[PDB]
Structure formats: C-alpha cells, structure tokens
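Just one chain is shown here, as structure tokens, and it is the form deposited in one PDB entry.
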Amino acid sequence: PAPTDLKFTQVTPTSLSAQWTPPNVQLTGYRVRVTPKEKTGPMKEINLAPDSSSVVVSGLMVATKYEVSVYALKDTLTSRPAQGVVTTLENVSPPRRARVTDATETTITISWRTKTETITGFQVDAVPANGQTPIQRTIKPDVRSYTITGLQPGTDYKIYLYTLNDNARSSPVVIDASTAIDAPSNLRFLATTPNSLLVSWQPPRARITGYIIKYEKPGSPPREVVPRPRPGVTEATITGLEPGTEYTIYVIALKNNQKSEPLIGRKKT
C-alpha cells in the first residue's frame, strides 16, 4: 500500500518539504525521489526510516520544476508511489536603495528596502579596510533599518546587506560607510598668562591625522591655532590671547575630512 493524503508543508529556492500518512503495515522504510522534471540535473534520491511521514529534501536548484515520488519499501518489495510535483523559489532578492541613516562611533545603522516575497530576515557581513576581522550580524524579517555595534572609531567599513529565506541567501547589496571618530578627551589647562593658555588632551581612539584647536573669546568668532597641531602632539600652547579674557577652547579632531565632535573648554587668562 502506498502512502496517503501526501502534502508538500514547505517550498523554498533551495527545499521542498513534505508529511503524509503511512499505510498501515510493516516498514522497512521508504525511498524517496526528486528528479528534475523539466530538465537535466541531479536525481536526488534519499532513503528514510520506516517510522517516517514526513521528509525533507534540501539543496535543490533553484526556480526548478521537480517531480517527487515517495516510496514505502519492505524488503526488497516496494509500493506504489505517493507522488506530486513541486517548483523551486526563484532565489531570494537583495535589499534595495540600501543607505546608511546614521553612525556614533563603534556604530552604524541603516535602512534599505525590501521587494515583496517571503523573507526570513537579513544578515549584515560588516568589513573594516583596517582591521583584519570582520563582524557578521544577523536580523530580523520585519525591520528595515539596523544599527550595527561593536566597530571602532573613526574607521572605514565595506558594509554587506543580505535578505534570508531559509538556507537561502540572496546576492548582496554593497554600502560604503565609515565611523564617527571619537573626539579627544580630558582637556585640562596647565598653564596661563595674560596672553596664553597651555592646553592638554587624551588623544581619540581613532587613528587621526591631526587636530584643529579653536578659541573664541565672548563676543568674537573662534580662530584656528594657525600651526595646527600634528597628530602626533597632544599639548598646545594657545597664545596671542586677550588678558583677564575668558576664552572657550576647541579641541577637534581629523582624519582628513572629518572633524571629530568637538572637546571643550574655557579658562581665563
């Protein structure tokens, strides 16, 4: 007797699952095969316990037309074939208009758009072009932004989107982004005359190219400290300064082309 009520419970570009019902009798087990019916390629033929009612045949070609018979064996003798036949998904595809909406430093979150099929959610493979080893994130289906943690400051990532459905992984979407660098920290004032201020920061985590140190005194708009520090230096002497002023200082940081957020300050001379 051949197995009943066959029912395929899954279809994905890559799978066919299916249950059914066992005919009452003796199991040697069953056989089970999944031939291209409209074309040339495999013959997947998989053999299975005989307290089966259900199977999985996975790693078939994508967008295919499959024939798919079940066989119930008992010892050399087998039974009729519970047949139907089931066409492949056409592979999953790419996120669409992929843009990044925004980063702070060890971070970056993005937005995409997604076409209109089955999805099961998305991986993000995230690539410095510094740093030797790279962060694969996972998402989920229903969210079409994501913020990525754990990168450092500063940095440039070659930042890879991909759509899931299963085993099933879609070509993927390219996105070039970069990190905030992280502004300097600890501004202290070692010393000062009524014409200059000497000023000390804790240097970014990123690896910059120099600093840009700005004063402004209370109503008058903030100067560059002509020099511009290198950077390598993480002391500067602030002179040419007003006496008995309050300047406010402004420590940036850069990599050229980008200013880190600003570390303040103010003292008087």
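Residue numbers count along the first chain shown, from 1. What changes on going to the form deposited in another entry:
- Rigid-part rearrangement between these two forms places its hinge, out of 154, 30, 92, 204, at 92.
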The other form holds:
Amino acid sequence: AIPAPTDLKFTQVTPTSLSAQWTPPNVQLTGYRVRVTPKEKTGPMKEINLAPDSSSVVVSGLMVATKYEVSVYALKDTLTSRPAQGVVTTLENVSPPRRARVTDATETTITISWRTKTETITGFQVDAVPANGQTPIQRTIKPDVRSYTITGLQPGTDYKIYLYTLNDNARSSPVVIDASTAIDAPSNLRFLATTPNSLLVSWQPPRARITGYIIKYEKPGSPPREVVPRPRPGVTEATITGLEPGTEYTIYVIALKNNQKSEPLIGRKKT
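Any chance you could show the form deposited in another entry after that form deposited in one PDB entry?
Shown below: the chain alone.
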C-alpha cells in the first residue's frame, strides 16, 4: 500500500492549462497517473502517465472557463496510492496582442500600437520597465484602444514594455517590445564672457544619464563647426575660440548618450 503524493499545489492556471506540483511519496515508484476531469460533463477528460521521478506536471489542451477535478495517483506496478486531489477552474479565453510596435518616442513619453484577434476584451495592461533599476510604470488601458501613449517617463532611458490583453480575470502572456525615450536637451544657454575672438558659454545639465556634449557654432554663410574637444559629463562651461570680431554666431549645445543626440539647445551672440 503506497503513500499518496503530498503537498499538492497549483502554480498557474491559464485558459487551456494548469500547472501542479507535489512532494513525491518517500518510496520507489513505477510512475504516476494524472486524471483531469470536467466537473460537469461538458467535454473530454484527460489522463496522463508520468515518469516515477516526476514532481510536477503541466496539463494543456483544456476547455476554457471550465471546472476540473484533478487527481494525482502514485504508481508502483500493480499498486496505486490514493489520489492527491485538487480543483481547478480554467480562465476565460484571452489572446495576446498581435503586431505590437513602438511608433513614437519623446523625452517623456512612448507611443505603442497593436492589433488583436476579434475576441471579447475588457482591457489592456502595460508595464514599462526602465533599464536603470528604477521602478516600473504600470497602466491600464480601455478595450477599444489600439494606440496608447505612456506618459511621465524618464528622458534618455531604455524601457522593456510588457503589454497584456485582459479579459475579466484572464490575463494573456505579455508581448515584449523595446524602446528608448529621447535624450533631453541641455537648458538655459547663457553667454558669460565675450571677446572679439571668443565666447564662454554656459548651460544647465539635462536629466538623462548623458555621456558628453557637443558644441557647435556657426556664422551666417558658413557651415557649423564643433568645439574641440567635446565637453565631458559634469562640465557646464566651454570656450569657443578663433572667432571673427563683430560677428553673430549661433550656438548649438547637444547632449549625448553614446551615439544618441538630444535636440540642440540654441542661442545667438555677437562677436
């Protein structure tokens, strides 16, 4: 007479599957018999034989929104343990988003778009997880929507975006897409010092984890030139030299993150 498997639990229920797990009986086993049967005679009952070293099972191909009785028998040749039993109700049907795409990216927002099978939907869930140890941004989305903008994000930041279809309690697997907010510009250009041949420019730092700056300058009728060398992060002042006296120059300050550039901070100053 064999001991029943012990400590049965279910680790996941989906619309068409269930995952169970148990502590094997402390005995030499032949195998297992797993019975999954619909409580009301609404459809197919399932029965799965397992290796004797089994400790867990995933039973798929089930009917959605259906109550099932679950029985795990431990087997030793001609002997059968009493069953470890559980009850499971599968979720309502639900399918992941199709063709999910990032369509727009700003310093503070990201816009995504997707399609779906024509099924009953009650909503969507999105989780935007930043790459920098920071806290995820979770939002809930109305069911008729196919385009959404996640607002209040950090500039110059990488996000993994997890989008799920909701149908009441049923949540689909996430679709996973990648995007990055724009590098935010330096702000507040000030010309601290002026000479007939030079300017000392000043700016305030952006909020992104930048790797450097570019400074460009430009007179009417000339292509822009960069200040050498590029200012390193932490720097908030730079000198532009070798200019003409009495000339209007336009200054562009670009924040860098590796090879990504912000839109330029711009300003003008004479001589």
